[PDB]
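To begin, one chain is listed below as structure tokens, in the form deposited without ligand NBB.
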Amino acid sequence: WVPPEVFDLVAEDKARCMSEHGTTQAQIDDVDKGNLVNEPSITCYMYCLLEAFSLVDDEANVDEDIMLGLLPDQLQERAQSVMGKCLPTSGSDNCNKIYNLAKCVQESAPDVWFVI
């Protein structure tokens, strides 16, 4: 009569991206509180996490409709204004593109930090 096994989607996706890039819990805690650094082990994790959610493609191009789709109706205009300052992405590789995007988001709206 058993209850199902309950899979925490987010924790699965985070887990899989960590083990792929050698990312430590410490590093993801740093990102979770707004501290960014341009180190592949953590920045490729950020690229990986976004990709898992279809927010980016295999080149770290942002899907704007899906990214705006993460946020409530009340924040759409602020997000679009940040997206007009930070997109299209750019950098040396997929990981660096996401570092530069995360840094561009932080300085454009420094008072809030949005995490998955």
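Take the two forms, superpose them, and find the largest set of C-alpha atoms that agree within 1.5 Å; that set is the rigid core. Positions refer to the first chain, counted from 1. What changes on going to the form solved in complex with ligand NBB:
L9: CA moves 2 Å or more between these two forms after rigid-core fitting.
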Contents of the next structure:
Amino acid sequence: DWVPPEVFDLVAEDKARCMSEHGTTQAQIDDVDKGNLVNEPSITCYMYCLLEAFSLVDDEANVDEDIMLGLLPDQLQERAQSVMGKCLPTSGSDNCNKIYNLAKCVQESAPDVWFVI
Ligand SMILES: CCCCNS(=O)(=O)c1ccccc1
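Mind giving me the form solved in complex with ligand NBB, seeing as the form deposited without ligand NBB was just shown?
Every component of the complex follows; first up is the chain already shown.
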């Protein structure tokens, strides 16, 4: 990955909170990173939780595309922008399910783009 060790420091406090709130295990996170994701609230609500902590989504899981693209390396932004044209706006039954659907769409469309810390 292009994700540097810094980001792990930066997200540590929110990561710990989000996992505690939702019953998330590190194994579930590792799985999403390997492209294995199911619609289980303990992982889908974790992803919403962390996105929200960094202002990447609002109260109804609408994505701030400019902030999201801003997370990614310059060299990935062209292809990520195409992916967001396909996968946004979000849709689903609740905030966690919206992020499930988004993650599945990004992972299906682009290898290097969705990542979960
Ligand atoms: C392309 C967006 C990735 C979303 N993954 S994440 O929810 O773990 C997350 C990563 C980094 C900051 C906040 C949330």
